[PDB]
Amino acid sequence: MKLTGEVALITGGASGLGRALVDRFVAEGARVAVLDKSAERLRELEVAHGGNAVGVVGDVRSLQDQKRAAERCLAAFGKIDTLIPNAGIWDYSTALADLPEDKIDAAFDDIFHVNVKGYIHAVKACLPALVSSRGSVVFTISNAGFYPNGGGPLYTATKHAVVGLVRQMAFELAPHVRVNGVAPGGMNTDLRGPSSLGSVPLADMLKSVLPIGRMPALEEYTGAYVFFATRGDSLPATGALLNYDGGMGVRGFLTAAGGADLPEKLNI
């Protein structure tokens, strides 16, 4: 119960990592406003957390819907301590050469409007509340904000753009609001794409991609966020970027891990 008394707003919190975050935050004693597109999934969530969650239907690309979510959060819980802009869409790892010429303009808008603009609108809408509470923003990034081959040019560009948001917003909102990034990766989750458009099997994932040698469940990706939301724990942190992807950036050339056989080599 690290978050007793705290209030969070989470975008894209009806399913996936968003939902795992909502469930984790509630279990920690926090109260959670959720912005997402599915009314039915939001109401199911509300009743699962009776009193600790409020669900607001809306589009993350719309500043007005972002504002509605912030107002609704304010009305139910009285404050906003932590904002987690989290809602994102994928590009299917569609390479530049495979992006249809008649499709690139639409695809760009679809992915950038959700992934980057929706993050910008979330901060904008929650800004007065966050300054008031001296709160924090924790952006969901991705491995694709750091290394290639986690998406195509569009997705990879969006997640690199949110690293820019972490940096610029950590500067701009200082000294009142802290701004940090968690960059999750290698999760067991189905990533959706845009209407305009439309990748590694388990064997290659754990031998070549993930040094930790396993694909963690969604709940295991929630602790980094809880850390940034815990005022007693994360106060010195602003503009921080936590890579949270099983070790993708420290993977080896021939194998992901170098010490599979340490238990036998050290004869522990």
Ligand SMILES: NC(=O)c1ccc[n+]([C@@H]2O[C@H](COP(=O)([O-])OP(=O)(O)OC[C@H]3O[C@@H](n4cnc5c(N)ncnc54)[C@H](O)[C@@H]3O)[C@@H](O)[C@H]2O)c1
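Throughout, rigid core stands for the largest set of C-alpha atoms superposing within 1.5 Å between the two forms. Numbering follows the first chain given and starts at 1. First, how it differs from the form solved in complex with the ligand.
- For the set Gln168, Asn188, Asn149, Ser132, a Cα shift of at least 2 angstroms between these two forms, after rigid core superposition, holds for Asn188 and for no other residue.
- With the core held fixed between these two forms, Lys37 has its Cα displaced by under 2 Å.
- In the core-superposed comparison between these two forms, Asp233 has its Cα shifted by less than 2 Å.
- Superposition on the rigid core between these two forms places the CA atom of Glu219 less than 2 Å from its counterpart.
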Second form
There are 4 protein chains.
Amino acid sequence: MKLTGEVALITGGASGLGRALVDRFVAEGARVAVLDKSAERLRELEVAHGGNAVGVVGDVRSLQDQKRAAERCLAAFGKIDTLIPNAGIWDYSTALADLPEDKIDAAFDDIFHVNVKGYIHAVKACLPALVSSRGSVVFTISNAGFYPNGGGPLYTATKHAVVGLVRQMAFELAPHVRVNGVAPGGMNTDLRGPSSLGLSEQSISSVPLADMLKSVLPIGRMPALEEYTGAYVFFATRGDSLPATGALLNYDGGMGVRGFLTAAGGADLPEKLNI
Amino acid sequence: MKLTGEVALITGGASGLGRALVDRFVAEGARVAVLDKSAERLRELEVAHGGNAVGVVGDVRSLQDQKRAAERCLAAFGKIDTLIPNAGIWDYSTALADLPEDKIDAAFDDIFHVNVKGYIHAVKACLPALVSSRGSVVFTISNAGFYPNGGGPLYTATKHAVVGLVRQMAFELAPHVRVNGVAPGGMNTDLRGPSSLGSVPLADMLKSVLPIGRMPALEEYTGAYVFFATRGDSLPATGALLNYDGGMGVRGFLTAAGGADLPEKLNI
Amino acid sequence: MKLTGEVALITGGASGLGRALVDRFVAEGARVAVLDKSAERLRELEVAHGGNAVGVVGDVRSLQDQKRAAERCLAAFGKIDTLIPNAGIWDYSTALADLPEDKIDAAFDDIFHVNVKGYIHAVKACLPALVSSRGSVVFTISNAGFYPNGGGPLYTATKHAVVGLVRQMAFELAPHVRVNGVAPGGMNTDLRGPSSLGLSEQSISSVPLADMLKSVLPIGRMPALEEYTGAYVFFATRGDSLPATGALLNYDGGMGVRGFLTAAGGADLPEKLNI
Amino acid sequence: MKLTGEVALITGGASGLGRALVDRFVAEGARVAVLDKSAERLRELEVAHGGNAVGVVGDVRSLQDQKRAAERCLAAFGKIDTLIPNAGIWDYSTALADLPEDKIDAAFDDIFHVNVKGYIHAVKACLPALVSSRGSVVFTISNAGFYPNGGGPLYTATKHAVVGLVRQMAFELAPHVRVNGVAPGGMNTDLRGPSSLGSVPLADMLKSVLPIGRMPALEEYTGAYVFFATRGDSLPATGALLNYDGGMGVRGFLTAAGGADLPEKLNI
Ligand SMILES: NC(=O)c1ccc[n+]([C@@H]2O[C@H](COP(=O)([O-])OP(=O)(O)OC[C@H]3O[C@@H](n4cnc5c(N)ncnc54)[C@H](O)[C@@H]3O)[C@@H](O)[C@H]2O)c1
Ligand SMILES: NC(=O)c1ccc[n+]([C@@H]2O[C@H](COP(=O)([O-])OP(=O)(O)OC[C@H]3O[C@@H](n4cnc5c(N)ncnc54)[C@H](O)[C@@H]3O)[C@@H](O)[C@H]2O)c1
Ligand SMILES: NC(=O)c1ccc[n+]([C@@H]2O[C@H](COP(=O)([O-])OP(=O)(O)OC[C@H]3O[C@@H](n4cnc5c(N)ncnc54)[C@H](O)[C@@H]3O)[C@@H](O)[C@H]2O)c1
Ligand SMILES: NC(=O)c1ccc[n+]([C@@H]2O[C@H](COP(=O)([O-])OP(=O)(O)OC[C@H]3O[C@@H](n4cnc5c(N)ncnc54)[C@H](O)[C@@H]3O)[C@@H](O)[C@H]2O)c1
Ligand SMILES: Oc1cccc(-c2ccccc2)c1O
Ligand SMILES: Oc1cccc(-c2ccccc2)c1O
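What's the form solved in complex with the ligand like, now that we've got the form deposited without the ligand?
Below is the whole assembly, all chains and molecules, this chain first.
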């Protein structure tokens, strides 16, 4: 186990990547606290992992719930080694032109409150525990944090913003707490949009992501959620990622190195070297 | 005069970088519309520039006030060629540890509303006019949009966030409207912060910070904007990011600059 | 004139972008020295510009010729305000698999000698004059200096390398000489490949660049060479670019902000806002 | 043991970062082939690791020596899963002003030949085996591949150049072979330079330089490579760049780190 005796706090861990993360982290010897708004799914993750997992119902936008999550984690486990702010909301790539005027201000607050403020409240709440442990923060970014076309202006703005927290928090929490970001590509999760845009109940699993991403990713397929948890274990392992603070790992099937006419340069290499 | 017949709309153009831009765009033969919250400072630029300026007293956070900036720019001048969303707010470099739990929620909103939403509203408000003139957007960023230590978590994330609007608005507004970002640093503007809040001077730390070894006057930050607003010079450029901070990101570990003793070394 | 009384030295200025640059710079009040290997084209540029242009035959790979170019510039004009290293060679995007083993080492030296060493020798030679003038260096990069698919490993490596000289030379020549890079996209020039690859006599003007780039650039067309000179005037104007050292201006029709399924997001905006 | 059944080929794996990698990959259950110019140091790792290593004494600049590294890795172990081109040469941070006109031409070649061509030859030599195992390449970069002041013009351009091989080889070797770069800094390796040449210590400047506030042992730089060579953990990642330098690019203007007084501030 890369991670025996380590203690993680993960927000948005009752679905999608945050759940796979929880599963992975427990399989690696860690004990995990989850702050999520989803009551039933938090209990589902608790009964799956038998004491190695604590689940706290609450909102990432409330510092208080976040503080509660920290407190419960400390009460359940003794410490926090790794903070993984992760809970998130999409805009479904609604362009600026298509953001209705009566809806922009509300959509703005909703997406930024979860995506950016939710991250800031995770760090504020866990700060005393992370300095105590010399632990580390790993933020879930996205390809939308580096290149356009992965979300509308709201969402691309929020992910670019977390890159800004990666850097500012690596600076500010040094030398006691390390700060890094993982930037996953498309995932088959239960990612939702905001009420403003009537996307509360739209789920990204309902979008033909696997179909689309086959054409676009150099690596010629969308990874399974299992395969997006590895990078987080890396940053959560003391002995492996000690020299990394400030790090931005693009973890997206190579969206930033794709070609202009094809995603991949070497589909026919095996036969070009004729094996 | 590089911009004769061109019309700009500049938000936060009544003080600091924004005033220097008004003056410069007006001196280049451009006519300028200005949305600023400072009515008295809007007065002064209106007297300064005759009919070559119009101010609208509004808040960059209000989409409607933004609409009136645009519409009044259209009524005065007939078009908008270049939009410079520029209004912004700083956090005094307040470290997360030092943001009070009871202030953090409002202060997040105040800073992100002006700095980010404000930029979004300015574009949204100017979209039909820009697409019509096939114009250009130049957002003002900051060194804090790329490197730590130019603001706390709130400011830095706001300025990283606008790096994102550059790229996504470049993509989205193409092929009609070009979108770029200028990232100034090294200024000593009277950049203030929100009510929510009540950091050693740039002079005190310049040798560890600015390879250029000097503090440029505001007027020296105007040229990049003129360039990105000149269609005959900046046409290839959309999505671009111009670090304009005196070399902050190319500074040395022990000193900002490494060739202080060049003239004496090269016998100059 | 943005540039009255200014003095430029441009390498590779007898063809393609370097020529347009020369033309532009003279139209802007500047006097221009050109180091190029092309004898006849250097004389052609001299007779076009009547005293405002000096041309020196020589190779960018020889420090000596480069020194000669500096000397001639000083003799002709009195000073050097702006150094524009620019001469270059392409690999035509020959993939690693297609670089023959008997040819890699020679192709390596040729492309790196021109693309990177040629730049280093321009700066070494003009250094005394640029400190004297407090002038500035502007390197011609490329999109191949930022993203793949604009050249093979050799060429993408050389352009990434000049990004490295942008940064190291902005640092090292501060506070007396500013250092910046412009990174143009595809251009209809007379860009050649190396002898090793039998590309000496292949010209990029013979590649359907305009056709290809129509699909790929957000801006929906390849710019004319006239329209790639503006950025250089910006960096060559004292009063406009004084706070820029270290700067990297992507100047390529928006290759880094293109979409996954289309280059541009807003082909049908006029009708979306219905004008 | 994270890499049981996996085979790596590591160039410059007989000292510094490369030796730490050999040891670490061997301790993870991997079998390792090593191309290094240092025959005596190749001896020591051969005795250190029993049959779990093989060295070939060669030069990373020679395509043929590279071919024998690969082929001998195949004869010994049957496959290559992970190639770590890692051999490199520094310039002592020799400033351009200080590169002698008579040395500059050779020194350009020596440094670029090992550092860049060497990386190219290693991949080229290992291409049929990597594509066959659907493996991965991890080039060693450097802080000098991103920020100034970790080498003169020659070194820095060499390490920026490898950032380019990452992206172009990611593109070109896809979808079969993933290519990433690790960029270490903050080490105190015995990094030497070319004959052509005959810079204050990291200890002397650490507080302006490393937010982590400490000098990590070599062994602490191995984990990222293990990660990028573990197919079940690093599969999404191709073209990636992992800054692994203690936070050099996220350091402050006046001090590297900004929360030195956190424990006392948070009452820890
Ligand atoms: N899914 C993708 O394509 C993708 C790609 C890149 C990055 N990301 C990022 O991955 C992260 C995880 O999202 P996901 O993709 O697993 O979607 P998901 O909806 O399946 O998981 C996100 C979790 O966030 C929780 N959550 C949302 N708002 C909350 C709130 N206000 N308070 C408490 N909990 C809240 C939800 O209950 C859910 O369990 C987000 O940061 C997302 O932007 C997603
Ligand atoms: N200080 C630096 O070195 C530095 C560096 C990079 C970028 N900047 C940026 O430069 C841009 C211009 O600011 P400045 O530095 O010139 O500071 P400034 O305060 O002198 O100028 C800001 C202007 O914006 C106006 N403004 C502020 N909030 C507003 C609102 N809500 N609605 C309407 N108008 C509003 C102010 O009244 C003022 O006229 C900002 O985006 C700032 O973030 C400053
Ligand atoms: N053309 C493109 O698509 C493109 C795109 C981005 C960047 N660039 C860069 O633009 C620059 C200019 O090249 P171009 O596109 O105008 O091609 P070009 O061949 O038309 O111009 C380049 C000039 O370099 C000169 N030159 C080449 N080798 C030389 C040597 N060893 N010594 C002296 N002079 C030499 C040639 O004579 C020629 O006049 C290069 O740095 C190139 O990589 C080109
Ligand atoms: N010093 C730092 O902080 C730092 C930072 C980032 C990256 N690096 C890089 O780490 C990598 C490993 O180097 P190191 O720092 O461990 O230094 P090192 O000298 O201790 O290791 C280099 C190894 O490469 C071998 N080598 C050198 N030239 C060779 C050649 N031409 N052919 C074959 N083998 C050759 C040497 O014999 C030695 O075993 C290099 O790419 C170096 O550039 C060092
Ligand atoms: O972070 C993200 C979250 C959700 C979707 C995407 C996405 C990207 C490209 C195409 C379609 C969706 C994304 O990047
Ligand atoms: O710098 C460059 C020089 C020559 C060609 C390209 C290019 C890029 C994309 C597609 C085709 C050619 C390039 O980027």
